[PDB]
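This document starts with one chain, in the form deposited without the named molecule, laid out as structure tokens.
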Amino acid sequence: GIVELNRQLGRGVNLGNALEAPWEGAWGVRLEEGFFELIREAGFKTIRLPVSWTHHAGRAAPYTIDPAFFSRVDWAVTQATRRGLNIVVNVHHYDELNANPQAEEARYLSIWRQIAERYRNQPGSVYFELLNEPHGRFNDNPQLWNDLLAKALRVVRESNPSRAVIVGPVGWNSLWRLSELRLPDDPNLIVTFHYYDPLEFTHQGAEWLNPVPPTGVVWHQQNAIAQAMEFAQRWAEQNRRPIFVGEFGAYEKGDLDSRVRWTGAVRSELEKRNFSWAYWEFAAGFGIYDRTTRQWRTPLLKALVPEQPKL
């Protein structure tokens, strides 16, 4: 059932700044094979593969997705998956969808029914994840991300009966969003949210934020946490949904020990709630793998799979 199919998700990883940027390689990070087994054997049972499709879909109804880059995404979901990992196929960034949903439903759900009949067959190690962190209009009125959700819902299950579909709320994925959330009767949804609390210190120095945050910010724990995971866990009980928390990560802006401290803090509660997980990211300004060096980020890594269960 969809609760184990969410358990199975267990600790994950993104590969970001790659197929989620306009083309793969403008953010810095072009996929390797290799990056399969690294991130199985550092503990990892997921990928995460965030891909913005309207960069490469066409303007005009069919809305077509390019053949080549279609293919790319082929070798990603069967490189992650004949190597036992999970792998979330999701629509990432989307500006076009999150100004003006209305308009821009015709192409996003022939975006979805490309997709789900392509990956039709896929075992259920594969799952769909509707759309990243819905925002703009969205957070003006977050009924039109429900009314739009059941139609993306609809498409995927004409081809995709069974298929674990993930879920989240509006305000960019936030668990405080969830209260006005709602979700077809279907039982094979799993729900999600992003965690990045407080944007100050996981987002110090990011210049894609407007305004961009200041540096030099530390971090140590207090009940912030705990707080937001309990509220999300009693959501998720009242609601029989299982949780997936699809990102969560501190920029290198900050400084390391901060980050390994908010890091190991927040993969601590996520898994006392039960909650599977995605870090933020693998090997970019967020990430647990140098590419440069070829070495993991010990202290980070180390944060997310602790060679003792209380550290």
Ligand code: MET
Given for the second form:
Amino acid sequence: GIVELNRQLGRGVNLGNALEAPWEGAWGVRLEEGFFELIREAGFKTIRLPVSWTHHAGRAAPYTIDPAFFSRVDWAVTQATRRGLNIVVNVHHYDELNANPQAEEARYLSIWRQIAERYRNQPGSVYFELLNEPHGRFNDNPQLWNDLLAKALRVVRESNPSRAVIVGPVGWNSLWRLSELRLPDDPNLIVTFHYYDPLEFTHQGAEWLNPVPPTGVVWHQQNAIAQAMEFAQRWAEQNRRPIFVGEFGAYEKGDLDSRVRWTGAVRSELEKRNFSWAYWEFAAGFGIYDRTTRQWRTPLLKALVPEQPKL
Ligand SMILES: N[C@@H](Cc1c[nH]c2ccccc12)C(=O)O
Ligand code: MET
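Please move on to the form deposited with the named molecule bound, as the form deposited without the named molecule is already shown.
What follows is the whole complex; the chain from before opens it.
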């Protein structure tokens, strides 16, 4: 069942700065077929595929997704699956929906119907993820997200009765907001959160934030990671849901040794708690792979996939 589907997610990586930008390449990463084999060879079982459908769908009903863009997603799904990787297909950035859930609902539900119907026959290694990091008006009223996610799950289930569906809390998938998350009585849900604490370290110099946190911040482990993951595990036990931590990572403007400390500490605690996970991200400013030199960033990769269990 769903506990085994979550265990099968295992270790994963996001293909970020790619299809979740305004278009593929705008944020620096075009997808390549060779990425799938590299990710497998590095020890990952899963691709998370952020996709920002809003830039590629009609604004007026029936909100049709551009066929050429859809075919690109088809290709990613098919190539990952054929090469033995799981793939998580989400709806990723969606400024309109976070700002105005009620107004944008119709278009978002049409997008999910299109995705669900198109991929209804994909195997169980293909997972759906309803909405990356709900924020905006969902932060003001978390019940708006509880209501909307139930509508979207109902849409998905019309064509995909048993597929694993990944659902997170508001606060940009903050684990503390699990407290307000409410889920339908559906036995094939995996709960997700993202982990970037402390933001002053993991997002130092991140220009896409306002305010932009200053750089020069170092990091070492205290108790915050253990405290956060224990909270999340108790929530998951009480509510009988498996956990997938779909993003964690530290931006390259922090010093490498601090980033390695943080990445290894997080990965270790996730696996101690039996959480599957996907690192943010493959090839860009948080990347473990440098496409310019075609080399892995060894210290970061080994913090994710250690050669010995206590390293
Ligand atoms: N320097 C690497 C990784 C990288 C750093 N910042 C990025 C921003 C976007 C894309 C890639 C990157 C590259 O150019 O590929
Ligand atoms: C805030 S930068 C890391 C990526 C971002 N959290 C996303 O979900 O795309």
